[PDB]
Each structure stands twice: as C-alpha cells, then as structure tokens.
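**Student:** Single-letter residue listing:
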Amino acid sequence: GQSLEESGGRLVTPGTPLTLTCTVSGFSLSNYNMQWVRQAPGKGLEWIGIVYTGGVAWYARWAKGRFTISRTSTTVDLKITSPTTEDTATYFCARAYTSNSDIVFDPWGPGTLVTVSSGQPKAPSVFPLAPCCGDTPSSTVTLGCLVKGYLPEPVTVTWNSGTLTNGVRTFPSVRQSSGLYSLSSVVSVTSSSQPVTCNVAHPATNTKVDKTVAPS
Amino acid sequence: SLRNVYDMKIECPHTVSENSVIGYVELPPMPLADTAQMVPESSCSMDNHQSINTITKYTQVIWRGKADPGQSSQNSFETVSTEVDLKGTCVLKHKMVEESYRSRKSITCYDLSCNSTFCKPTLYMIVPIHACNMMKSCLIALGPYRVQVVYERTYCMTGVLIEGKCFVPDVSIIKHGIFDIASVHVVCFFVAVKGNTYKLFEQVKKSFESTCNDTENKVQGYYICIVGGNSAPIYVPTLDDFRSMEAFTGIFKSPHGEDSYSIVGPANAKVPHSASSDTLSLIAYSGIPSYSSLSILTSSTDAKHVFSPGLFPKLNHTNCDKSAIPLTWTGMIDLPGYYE
Amino acid sequence: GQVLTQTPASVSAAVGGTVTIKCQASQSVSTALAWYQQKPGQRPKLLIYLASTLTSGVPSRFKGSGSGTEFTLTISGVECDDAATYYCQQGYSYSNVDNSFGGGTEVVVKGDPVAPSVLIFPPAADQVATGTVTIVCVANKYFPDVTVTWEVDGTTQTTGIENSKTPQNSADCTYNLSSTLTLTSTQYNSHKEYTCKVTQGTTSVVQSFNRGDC
Ligand SMILES: *[C@@H]1O[C@H](CO)[C@@H](O)[C@H](O)[C@H]1NC(C)=O
Ligand SMILES: *[C@@H]1O[C@H](CO)[C@@H](O)[C@H](O)[C@H]1NC(C)=O
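First to last, the protein sequences are chains E, S and B. Note that the numbering used here gives residue 21 to position 21 of the first sequence, counting from 1, and the numbers run on in steps of one. Note that the numbering used here gives residue 311 to position 311 of the second sequence, counting from 1, and the numbers run on in steps of one. Note that the numbering used here gives residue 39 to position 39 of the third sequence, counting from 1, and the numbers run on in steps of one.
Treat the hints with care, since some could be wrong.
Under the rule of at most 27 Å between Cα atoms (straight-line distance), these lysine-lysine pairs were calculated in the BS3-like manner [stated by the list, open to error]:
no., chain 1, residue 1, chain 2, residue 2
1, S, 199, S, 120
2, S, 87, E, 64
3, E, 43, B, 110
Just so you know, the hints here were simulated from the structure itself, not pulled from any lab data.
Here chain E stands alone, though its shape is the one from the complex:
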C-alpha cells in the first residue's frame, strides 16, 4: 500500500520562490531514491532531478540553478528559485521502483499543479446550459453548466452532490485568449427525473457554487 502525495501547488507571480512537498505513505523514505518530473499541459514528461538516499541531488542540465531538491526523514522537497511563466506545469513525485536503484521509478503521486502568471486569482462564474424552449421537447433531455473565467486550475464539477454520474460528460478545460480557463459539463436525464444541480468548487478561491438547471 505504498503511495505518494505532492503538496504546495498554487498560483504565484513570476519570480516568487515556491516550494513543493512530497509526503510518503506505506514505505520508508530512507530506503529509496526520489525524483521530480514536471509536465506542462498537453506536453510530455520532463525529468527534473533525483535526490539520492545520501542527500545529494542530481539535476538535469537545463534545471541546474533553477530548481533545488532536498530530503528529510519523511518528506521530499522541490523549490523553484525564481519561477517564470514557462514553469506552469503539473509536478510529479516518484519513488524508485527498488531500493539502491535509480534506473526506473514507481509508484507516482497524483501530481500538484503550479501556475505562474501576473493575473489575480479569479472565481468561476457558472451559467446554465439548456436547450432553446422553442423546439419540441423529448423524453430525454441534456442539460449542462458552463464554468467560465476562472484562474487558476483546477475546478471540480459534480451533479447532485456526486449522487448522479450516468451520462455526465465533463470536458477538459481550455485556456482562453486571456489567462483565464473555462470548461463545461453536461448530463442527459429523462424529463421525469427533475431537477438536476451542478456543484462547482474552485479551491483556489474557496468558492463553491450550486446551479439548478431547468429546460427553458
């Protein structure tokens, strides 16, 4: 039951020092080598560096001077000395698959999201998505919610507090022309099973909003 869980991903202005922490469960951190790997949205995996059990860190050529990896008894750290907008990515923590080794790495953490931009954090505005009432109704209808203009990621959308999951399609987010993100979620239900409510949570702004949508 070994697992990892990164922490510290947040929105920062460029040049502001940021530290990411990787807590470890199910195994002794003292017996394994650890590595940090980042992934910009839509881009490939980028190796950053490895911290060995002796405490010495070995970085990639491009990462030298821009990152710092450190080790404690129970945590592994990653500090971005002066972030730029190019540093926006999801940062992963990985244990070496075996002790006394650095050849391959498993298991991995879910990753933590780092956002570097000058824009202020912004809560999302939620709008109902319903068919135009002019057309004839059907026994099955599709309703949705538009989550527009939020920064930074992520945002969590559920329906009926998570008790309704069939037919739910939550499309991945898109970064707008501005720095703001946006996405939409839809669900198809019978006209008898009414109503449906979408729950939108934006942890970056401590924002939770419910929206009950009706066909009109």
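Could you slot chains S and B with the ligands onto chain E? The hints should help.
**Tutor:** Same frame as chain E, now just chains S and B with the ligands:
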C-alpha cells in the same frame, strides 16, 4: 539487475593536518563494449582535477577464437592490437597529487578488471585530508553505476583504524627503545615521468636477480602510494626509505596484487599498434574477471599504456623482453609506529 | 548525454490489431530502458522495467524488446483501454542529460465508426447581462474525429472558437467534443440565427437556433 547504486566509505580522523585519503569500491561486471567513452561524472566537479577526464591513448589487446559449443578449449585463436581512447582511468600525472592538495581538488578515477566480454570497474577517489573536516557527502556517476561517497569519522587522533585499534605510522633511535609493527593497507599508482632520477628499472635490476640490461631505454617513472588511507604520499622506489622499498618489493613480487579461470594460450601483440614487431607477451585466458587489465609497456621510456581484457600481460622481469608493469597495485606492508 | 527519440509521434491502430512503437537512444543504454503509459489527466503508469519485464497486473498483451540503442513496444489485441500516450525512459546514465524520457507517442485505437449527435445551447439570460455571451455546441459519442464550423446569419466565423475534446472512451473508443463561440453582447444581439455544424468526413450534422425563439 535493477540495483545500480553502491556506497563508498572514506574514513577520517578527528584531527587533520600533505595528507591525502583514499576510498574505493569494486563495481559489478558490465559489458566490455559499454566501457568505451565511460568517464566518471561527479557532483562535486567544482573541485576535481580537469586532467583525469581527458583522453589517454591506450593500446587495446583482445583475443577471439572459435570452438565447439560445449568446449572450453579453443580450436583456433588470434589477438588484435588497436589504438583506443580511454578517459577517466587512473593515469596520474607528475605532481598532480601535490598540486591537488594545495588546490583542494579530488582525484576520481577507475581501474578495469576485464575478461573478453565483461569488465569489473573499480572506482577510486583521492581527496586531500582537508576534505575530512567538512565531510560533505558527494556523488559520482560512472557508466551505469551511481556511487554515494560516505565519510565516517573514526575515533582516532590522526591515525589509521586497524582492527578496532588506532595505529599511527611513523622512528630511528626512538624506535629502538620501543616500537610496534602493524600491517597496513596500501594502494599504488604508476606515475609516468621522464627523468634521470626516475629510471625505475635501475633499481629493479639491483633489488632482483632480473637479467635486465639496457635500462636507459625502459619505462621511466615512479609509483605513488597512500598508506592507511591517511599519510603523506610515499614515492616508490626510494632507496633510503624502507617503507618505499617494502612497497617496491610487493609490487614486483606480487604484480597482480595481494588477494576458476582456465588458460587458453600464450600470445604476442604489437604495442603500440604501429610497432614493426611484437613488443608484448601475454597469456590469453577464459574466466570471470579477476586481476587488473591495465598496465604499462616496459620497453619504452615514454609510457605506452596497455588495456588487455582477457589477457594477462607478462609481468615477470627475469627477462625484460616484451614485459609490462601494473598500473595499479594493492597490498599490505608492515610499518613501524605506535597505537593510540 | 543520452537522448531518447520516439517514433512515430502518433499512431492509429484498429481494435484487436497490433501496434508497434519505437524508442531510439543517441548513446547506448544497454538494458536500462522502461516504458510508461499515461492517460489524459492521469499519472504515469509503469508497464515495462528493463527491456522486457512487465510489472504486476499488466496484461500479457504488452511486450517490449530491444537492447543497446534500439527498442520497440508492441501491443497485441489492443483494446480501447490501451488508448494512451506511451513514454520510454532510460536509467542508464543521468550525466549531461536534458530528459530521461523520450518525446512520447500517443496511440489512437480505432473503434467502430459512430456518427455524432449534436446539441446547441443558447446563452443563459444571466450571460447577456455580463456583456459577453458563450454559445456551447456539443458533439457526442463519435468516431473518427470531426471538424466543427460556426456561422452566424450564414457568415462563417473565424475568431473566438474554443474546442475541447474528451479522451477516448475506455470501452467503445468514442470521443466527445464541446465547441464554444464567445461574442460581445452587442454582436450577439445584432444577428438572428446561430448554427453549429459538425463535419465527419463528407457528412455534416448541423444544429441551429434563433435568438428570438429563446
Ligand atoms: C566473463 O565475465 C563474466 C562476468 O562474470 C562471466 O559471466 C562470463 O562467463 C565471462 N566469460 C567467459 C568466457 O568466461
Ligand atoms: C620472476 O619470476 C620468478 C619466479 O618465477 C621470481 O623469482 C622473480 O622474482 C620474478 N621477477 C621479479 C622481477 O620479481
């Protein structure tokens, strides 16, 4: 198979004063072809001598034969001499250790013990004694292996940890009244340097019954050794230094070191590859890697370094014809001194 | 410093067929190569450590091979669950290395061809108040890919279109797509009919609405 990192422990005394410390680790076998262009890459490259990662010209001697699938002996065989470039091997230059002490630079290099197909690398690190106060853990990368340098402070004021006891290698009139003798580990490297004071085989001829005429045209240089992992460098040979002559005796009486394989046959090779006639005698063998495959040709004042994986070079000097001397040597010598 | 090169960038394979992807190293890495599988929005999953050794739980349909400088990964009887991006990672040497991972290869699994259903959502009354409106068009459960076009009052639109495509369904390989058109409230109230057309090859499914109707 997946385990690729090894620890290298380097012992340090509590009180530190031309002293250098040495650590070593023997790494598992790796394929012979992968040792090409293999160089040590250390994290602490900000304080290591730049000349070790440079190229040293080697004459490579390999053997290759044909045999039945279940046969250990060979129906036929031949040897091939080629000029190859090796980086990171333990080729120490004149006064490099002394310059490294005053410059606070490390010496990170490796030895090669190979058969025809696989090589056991032995990673060495020589640091000034001033590296034992900071005792900062370092990281060295060599091929597919990772090595963690671990400094351990032994419980002794300046001396050597010997069987749970602390021995200080020394003397003269004081020694007559009372003394003790301890067997101390030693690592030696051949330093190739031309010079009228470095004609090594003039002393080989005097110490041994070796019929060795025309010493003027034989390799020139000396061995440099670190004893107990903590001492001033001992130059070998030094006629009026009995510790130096003890190391000198061990090097030439036990040239493969003080520490299965079946001999397929003797062979001769041209060293260097451009030689008009055969210059080196060797013995081709089959077996797991054992002794060092690095040596220096005897019959050339300018050192011709030889790398013979799968061959044992002629190290006897009863006839100096077509012989060699070892690049590295490890053993034990008895030193006078006292316990603390 | 070793550089891993993966080819092709993207491959398309039929359900139940075989797909082969390659990883090439600038310098020898011997047997210290690994294959990772990663799905969108998910962490990397190790499948093969060393040249050809599967981890626990990985089906036998995955096998790897190679040595030194050339490696391949083959999937036999590829399922829709196998649709992901695959990375090769070398652990031979990290000295003077820019990336231990290759550029990656995404494999698209060709399922049954299914025509898309299309829905169009007019902006809510709350949207028009804010000064900008967003019309949402959704194409459901389709394969292969589709191209979507927006035209207002018959005038094809070229600006302010955002497209988001779901990862392939792990069961039937189908896609889902949403396209949004964002305009100012002045522009939105300046035209009558807003149509979304989703083109799959030569057949286009188009859905429309009138601003006055809603
Ligand atoms: C060379 O050394 C390797 C390392 O143990 C060994 O497996 C191999 O059998 C040796 N080759 C021969 C011909 O004995
Ligand atoms: C050469 O070998 C003989 C015995 O085989 C040995 O007595 C002699 O010391 C060796 N040569 C040298 C220089 O030690």
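**Student:** A separate judgement is required for each hint: does it hold in the structure or not?
**Tutor:** Consistency of the hints with the structure:
no., hint, result
1, 199/S - 120/S, "32 Å, violated"
2, 87/S - 64/E, "25 Å, holds"
3, 43/E - 110/B, "23 Å, holds"
Going through the hint list in order, the structure does not satisfy hint 1, though it satisfies all others.
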